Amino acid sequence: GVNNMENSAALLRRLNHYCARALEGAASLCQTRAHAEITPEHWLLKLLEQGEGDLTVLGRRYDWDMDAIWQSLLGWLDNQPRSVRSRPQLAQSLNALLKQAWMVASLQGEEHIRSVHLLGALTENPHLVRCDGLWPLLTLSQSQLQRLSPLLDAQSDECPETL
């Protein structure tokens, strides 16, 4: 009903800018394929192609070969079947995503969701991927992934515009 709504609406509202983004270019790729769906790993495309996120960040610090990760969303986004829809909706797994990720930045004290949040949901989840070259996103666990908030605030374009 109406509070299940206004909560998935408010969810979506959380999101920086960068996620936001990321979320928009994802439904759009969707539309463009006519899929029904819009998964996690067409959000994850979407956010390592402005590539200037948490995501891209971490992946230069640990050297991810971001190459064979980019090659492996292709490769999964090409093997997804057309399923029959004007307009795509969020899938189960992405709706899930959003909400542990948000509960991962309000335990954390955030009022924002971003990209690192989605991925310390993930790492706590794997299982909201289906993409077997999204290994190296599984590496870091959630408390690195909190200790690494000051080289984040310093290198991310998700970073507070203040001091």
Second form
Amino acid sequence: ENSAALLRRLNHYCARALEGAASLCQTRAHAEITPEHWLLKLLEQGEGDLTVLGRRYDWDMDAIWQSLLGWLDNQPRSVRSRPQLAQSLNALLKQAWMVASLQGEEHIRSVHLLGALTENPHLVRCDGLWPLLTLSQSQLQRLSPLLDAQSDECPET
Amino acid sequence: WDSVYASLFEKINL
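Starting from the form solved without its partner chain above, please write out the structure of the form solved in complex with its partner chain.
What follows is the entire complex, opening with the chain shown before.
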């Protein structure tokens, strides 16, 4: 794969969202970090690629956000320790890296996770994520100039 | 070698 090597390939935005997802799992306890735990924090955070795509395609960001929170509520609780990465998140991490690397990128942004999730809609279980799965990666590839113009996932200068 | 990648790593690889 491998798990630790994939994480260092994440950009600042996605890494912060996963850290915040890990913090939440630790408090909710919450055995593993699922893509939904991460997607929740990605939306929660900013005007990231998902927020920009959400706007230009008009997604009920409230419903998605609400749907995610409701799913995370039906997540088995055990002991408030420190969490593992779910098989679904581990697989998403590998597919998103495959999407990012092929595009000549150095880091994985939320649109690469969306590109991975688009050809792998089974990695997510939460029903309210269907607007995220309406896009194709040929489409998301074309939308790159728009994403650099409005998203916090912005490289520098 | 980010100050922030380490903070993420703090959490459970197994």
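Basically, rigid core = biggest C-alpha set you can superpose within 1.5 Å across the two forms. Residue numbers count along the first chain shown, from 1.
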Checklist line | Comparing forms between the two forms after core superposition, the one residue of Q92, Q89, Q71, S83 displaced by 2 Å or more at CA | finding: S83
